[PDB]
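Q: Dock chain B with the ligands against the given chain A, drawing on the hints supplied.
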Amino acid sequence: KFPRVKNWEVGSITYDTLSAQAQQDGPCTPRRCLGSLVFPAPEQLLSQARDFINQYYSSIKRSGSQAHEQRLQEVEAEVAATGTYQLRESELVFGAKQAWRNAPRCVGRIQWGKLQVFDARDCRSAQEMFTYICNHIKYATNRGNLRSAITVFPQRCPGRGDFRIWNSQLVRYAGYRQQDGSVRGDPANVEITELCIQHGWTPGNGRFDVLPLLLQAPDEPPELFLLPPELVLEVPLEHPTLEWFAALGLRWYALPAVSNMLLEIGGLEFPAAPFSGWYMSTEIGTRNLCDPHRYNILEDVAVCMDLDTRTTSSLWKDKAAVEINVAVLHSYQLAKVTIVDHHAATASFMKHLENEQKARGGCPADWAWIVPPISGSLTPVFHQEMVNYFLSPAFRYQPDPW
Amino acid sequence: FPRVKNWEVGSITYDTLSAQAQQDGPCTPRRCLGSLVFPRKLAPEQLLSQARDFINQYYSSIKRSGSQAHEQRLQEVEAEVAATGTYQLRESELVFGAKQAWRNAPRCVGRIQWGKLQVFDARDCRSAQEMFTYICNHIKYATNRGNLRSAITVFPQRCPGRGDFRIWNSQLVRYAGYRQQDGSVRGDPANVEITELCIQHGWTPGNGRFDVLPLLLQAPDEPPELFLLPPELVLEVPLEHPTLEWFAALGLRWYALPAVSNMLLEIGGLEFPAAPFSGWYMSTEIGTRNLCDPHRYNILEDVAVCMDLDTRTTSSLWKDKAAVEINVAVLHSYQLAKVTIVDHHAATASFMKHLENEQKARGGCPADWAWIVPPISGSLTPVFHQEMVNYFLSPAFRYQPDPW
Ligand code: HEM
Ligand code: HEM
Ligand SMILES: CCc1cc(CNC)cc(OCc2ccc3ccc(N)nc3c2)c1
Ligand SMILES: CCc1cc(CNC)cc(OCc2ccc3ccc(N)nc3c2)c1
Ligand SMILES: C[C@H](O)[C@H](O)[C@H]1CNc2nc(N)[nH]c(=O)c2N1
Ligand SMILES: C[C@H](O)[C@H](O)[C@H]1CNc2nc(N)[nH]c(=O)c2N1
Ligand SMILES: [Ca+2]
Ligand SMILES: [Cl-]
Ligand SMILES: [Cl-]
Ligand SMILES: [Gd]
Ligand SMILES: [Gd]
Ligand SMILES: [Zn+2]
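Going down the list, the protein sequences come from chains A and B.
Just so you know, the first sequence maps onto residues 67 to 106, 119 to 480 in the UniProt record's numbering.
Just so you know, the second sequence maps onto residues 68 to 109, 119 to 480 in the UniProt record's numbering.
Pulled out of the complex, with its shape left as it was, chain A reads as follows:
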């Protein structure tokens, strides 16, 4: 009674036994599917914790040992005394990797095991926070040869407030409101931009102005931190065979570093644990630039391409979109900044589902997020059925601290 999953390009069939362990509940019932929605005490902490420890002890093939029982006894004894507990460092490393491994909407998961984990749980202020962050950015960027990294700030704990990073990503561009009621820069970041300003940031007026950090120490207002310019590797965008493209003045940044997600390991919550890998060209090419509610350059590129934008059947949108993606790939290659196209990405994800079926008897996957936003059926994930479910450890969304 495990979901039969087919690959339609090949003919292969597997059953997802791993789904039957899903440690949390989703938005769907047999009445109605909601898969397409973006946003779907002590003893209960003990049962999550006990579950994680079992996981950790399985992965180090010391399952059901002395050190395993002792560790359970340790944890329940500490939840007694303090109403919480502390992860050992190896447990944290494993927990951070599993969280990525379990992230259903991530197409880059072939890499899950190669994650660099920086432990900043000793962190003290917004100031020490800023430094750890700059170091994350420095290590992960690595002069354009990107490394996967995660910095883990102190856990949610009884008595103190949370560390929070107010910014959605470590590097993001300003979005300013206007006289036309419109936005200059990235419309997705108008709110946080408003917040930065009113917290003492002297704004600019470009379309690619990098935002300051708003960092929050427990029980403090947020504190504004300017990123040292030379720490933010950017990539000016140019097209390999369309020379007017460089005159669009478009740029994107090297490091995709998501900074507003919560990391959950064994019932413990880390509201601040920014992570980063490297871009798939489509996030920038199609989503960041061509979404109407974003930079929305599609028509502008299409006109310049001298496509016929009168009628849809000329497929001007598709033609413009493909060139913008080529431009992004080319520019990142010219600059020696790591980048993966959607065909390479989805192909390593197939390898991933295959590694995962042998290893854990399945792989939690969100089809609508895994299939790229152009060339969908041109990639192998489109033809693959997938089971979506929530495993812990995990990254979760959390509400904006403001």
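Accuracy of the hints is not assured; some may be wrong.
Said to hold, decoys possible - Coverage of chain B stretches by chain A, computed from C-beta distances (three or more under 8 Å per stretch; other residues unrestricted): (1) 381–393; (2) 403–411; (3) 454–461; (4) 465–472.
These are calculated hints, taken from the structure and not from any lab test.
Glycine included, C-beta positions come from ideal geometry on N, C-alpha and C.
A: Just chain B with the ligands now, with coordinates in the frame of chain A:
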């Protein structure tokens, strides 16, 4: 009442229609299965409840609920089912039901047209030769010299004991798929099996990669029988690209009328195992899925070479380049040949329009996100940024076991 958002505009709606969904789907709180093609798998007290529910909403949609013919029609069905164990549908009901089934089909992106559907009543059919005639009139009417018109043909309902009417082809028009000493395929690999059956039932096989299959039509109990389609009834379109002159030389063609002949029409509790419906192609169906899928015509790399693309690195986006041009060739050829066709952009926008219509009228619309979003340029179409609720309403089209 699920909250549903559109991220392009920011707007919010509540799907209240979802609440009235009965026949449970595949998903549970613990695991989503929306991405699966065939959800899970494939004493007549039940027939009545399905029947009364269908009749009620029939009369709802003409205001005539409460008093009048409404009460009256409830007992006739009661009587009929009490008497016979089944019931016949009034011709208006049949029309209403066929229309609703199209309206409820969450995977269909062209439902904005659901009101303009021609129902050919063929319940008074008792022969395979007869079906063939019905199927032929459908094809003629639907095709209409390339000015396509949605039509369905409804054959007799399934009866307790004794057989079924059934079209063994998945569609009325399908190309041949021939195996060999390679295991590879000349023609369409999706139709390999039904080409096996066609041949084993007497059909004299053909040249190769665009031979229209013959039909395999099955009247109740008595075994299936082959019927050759009159070549003047099968409108086709040779594929030519507007500016890439060599494209025609590739000798690609595709047919005109997409006509699904294996799905099961279910109205008011009654099951119609044979109800061939048809409409017109959205371009990507042919351009992207049919010609470019690795397990279909798989032509993508071939077009790429001719375009002299760098097939040596995936990051050249050669696949993406080839696929657009193939799609442009499809739309161009269909237009030149004056055959109704719709591009993915136009279609999706009309589906957004359909969604807002369906919000005001029924309080929502069942939509299968993964099937509504086109197979290329997804995030470039408005449906991509629209959240969708997927659920099952009756009347419906349902998939059904094949007759083997
Ligand atoms: C190194 C190469 C990586 C690639 C190519 C990649 C690719 C992607 C893409 C394209 C998405 C969809 C995001 C969107 O459409 O906005 C995604 C989602 C996600 N990724 Fe990865 N990623 C990488 C690294 C990582 C790392 C290092 C982590 C964590 C340690 C991670 C965790 C996640 C999570 C939690 C999501 C879902 C986020 C959400 O639902 O908003 N990824 N990934
Ligand atoms: C007239 C214009 C129409 C357009 C442009 C259109 C387009 C589409 C598309 C793109 C799909 C996705 C399925 C696939 O690509 O394989 C689909 C599915 C479907 N359509 Fe429509 N369609 C039209 C008319 C109709 C009509 C007239 C009916 C019934 C009378 C219908 C019933 C269905 C059903 C039941 C499905 C689900 C198919 C399946 O899951 O096997 N459609 N349609
Ligand atoms: C609304 C939630 C959301 C939206 C969007 C973009 N919407 C236009 C992106 C979201 O996640 C964005 C994300 C997360 C993790 C990543 C890891 C690596 C990588 N290269 N990109 C990522 C990108 C979440
Ligand atoms: C297997 C279920 C399935 C497969 C496939 C193709 N697989 C490569 C198509 C399916 O639906 C195919 C379909 C059904 C109804 C349509 C109505 C109108 C139209 N233009 N196209 C349709 C196309 C169902
Ligand atoms: C409404 C829809 O679910 C939403 O736009 C999703 C669809 N799939 C996606 N897939 C990825 N990878 N990223 C996204 O932002 C989205 N957006
Ligand atoms: C596995 C996946 O759900 C499957 O390939 C679906 C995806 N979306 C689709 N959408 C349409 N319109 N037609 C299809 O055949 C499919 N295939
Ligand atoms: Ca060459
Ligand atoms: Cl981004
Ligand atoms: Cl088809
Ligand atoms: Gd040029
Ligand atoms: Gd040449
Ligand atoms: Zn679901």
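Q: Three residues minimum, CB to CB under 8 Å: does the region 465–472 of chain B make the cut for coverage by chain A? Let me know.
A: With 3 residues close enough to chain A, the hint holds.
Q: Examine the region 381–393 of chain B: at least three residues should have C-beta closer than 8 Å to a C-beta of chain A.
A: holds (count 4)
Q: Has the region 454–461 of chain B got at least three residues whose CB is nearer than 8 Å to a CB belonging to chain A?
A: holds (count 5)
Q: Do at least three Cβ atoms from the region 403–411 of chain B come closer than 8 Å to Cβ atoms of chain A?
A: holds (count 4)
When each numbered hint is compared with the structure, no violation occurs for any of them.
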